[PDB]
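In structure tokens, one chain follows: the form deposited in one PDB entry.
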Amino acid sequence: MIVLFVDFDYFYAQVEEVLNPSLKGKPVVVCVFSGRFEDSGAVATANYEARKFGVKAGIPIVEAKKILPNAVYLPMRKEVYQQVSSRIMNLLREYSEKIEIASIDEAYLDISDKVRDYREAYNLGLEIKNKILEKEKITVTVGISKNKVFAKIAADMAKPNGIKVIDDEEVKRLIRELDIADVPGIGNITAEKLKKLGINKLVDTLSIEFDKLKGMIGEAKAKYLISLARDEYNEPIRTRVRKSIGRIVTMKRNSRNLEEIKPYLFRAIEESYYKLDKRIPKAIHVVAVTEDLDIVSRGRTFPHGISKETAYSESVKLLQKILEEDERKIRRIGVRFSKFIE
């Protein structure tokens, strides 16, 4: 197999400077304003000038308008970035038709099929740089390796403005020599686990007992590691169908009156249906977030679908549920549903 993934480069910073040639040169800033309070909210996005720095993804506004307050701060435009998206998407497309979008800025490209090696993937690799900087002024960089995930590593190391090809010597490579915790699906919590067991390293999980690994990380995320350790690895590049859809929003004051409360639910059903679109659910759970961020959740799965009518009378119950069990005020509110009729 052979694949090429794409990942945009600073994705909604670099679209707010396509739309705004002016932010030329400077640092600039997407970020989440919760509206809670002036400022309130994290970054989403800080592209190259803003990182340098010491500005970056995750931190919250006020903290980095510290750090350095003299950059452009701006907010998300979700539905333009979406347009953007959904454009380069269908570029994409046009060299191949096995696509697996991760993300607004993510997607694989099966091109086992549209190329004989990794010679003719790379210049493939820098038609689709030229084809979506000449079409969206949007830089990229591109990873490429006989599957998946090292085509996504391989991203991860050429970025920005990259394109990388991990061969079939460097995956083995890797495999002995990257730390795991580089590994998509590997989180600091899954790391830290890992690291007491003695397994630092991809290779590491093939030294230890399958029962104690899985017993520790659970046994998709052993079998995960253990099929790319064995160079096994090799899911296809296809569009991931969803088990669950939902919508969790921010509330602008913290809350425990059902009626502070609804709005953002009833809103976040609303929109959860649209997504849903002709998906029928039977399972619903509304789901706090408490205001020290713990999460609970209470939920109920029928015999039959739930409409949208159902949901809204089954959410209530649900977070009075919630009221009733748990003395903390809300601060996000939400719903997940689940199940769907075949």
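Residue numbers count along the first chain shown, from 1. First, how it differs from the form deposited in another entry.
- Checked against the rigid-part motion between the two forms, the candidate from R240, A181, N161, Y273 that sits at the hinge is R240.
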Given for the second form:
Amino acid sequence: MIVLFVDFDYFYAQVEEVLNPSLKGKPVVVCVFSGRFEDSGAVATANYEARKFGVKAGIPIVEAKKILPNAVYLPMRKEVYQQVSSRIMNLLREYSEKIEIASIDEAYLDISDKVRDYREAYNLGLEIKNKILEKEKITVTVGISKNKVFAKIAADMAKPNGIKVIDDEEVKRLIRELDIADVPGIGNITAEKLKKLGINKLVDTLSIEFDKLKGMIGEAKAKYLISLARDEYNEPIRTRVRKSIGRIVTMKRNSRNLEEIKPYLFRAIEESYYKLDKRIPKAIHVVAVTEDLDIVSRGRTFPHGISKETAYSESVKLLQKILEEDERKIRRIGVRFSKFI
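One more: the block was the form deposited in one PDB entry; return the form deposited in another entry.
No partners, no molecules, just the chain.
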């Protein structure tokens, strides 16, 4: 297998840069305002000019303005970014029928049937980089290797407008030397669990007893990491089908009053049913983010599709159950639909 992985660079900020090129060279920060107060919210992404000084995704807006008070702070316009993303994905489909769209800005291409070695796969990587910046003037990063995981690691390394190949021989040195926290699927809770077991490299998973590795990170992550360490990972590129659609809004103030929460729950349903855009769900989940950011959720499924009116009636019953069974004030209320037809 030769897998080609395309990852658009600083993508929300770069799209705003494309629609308004005067922004180029300046630090651009794309924020998600929450409306509790002024500048309440977080950073969706920033470009590298803003990232240089520590303004990156996740940190509060007010924190970013303390660091770069004169940066360009734009509100998030995600469906603008989605239509741009949709057009770029359609470009990628010319280079392989086997393609996996992983998120709004990442696609995996199986180029096994289109090139014979890495040298050609590298050249076609440049052909894709040019065509995207040709047709849409967006710089991307190409990562090429033998499986999805190392193709993504390659792109992580060359990330800002790069292209880089991890060959079979670098895969082996990476198995021995790459920090295991830098492996896709290993966040900090799992990474911290691995270090307390002594594992800091992928090869260490072969030396440890499986049951004690399984006992602390789970069966799936264990087989996953062992498979990578044995150089025997090879999940195929598959078309990913969106399995849920939802929306959760922050209330202007915390509450446990059913009548105060109901408008927000209903607006989540309105916006959620719009995003379904045709497509009928048979399962609904009411999702509450509590006082202290803890997410509670009650749902239920039906032998049939759910109309908007049933979504209204049932969300109230499911919301009542959340307050019946939890004592925390709710801070954000939302809804998720799944199990489509």
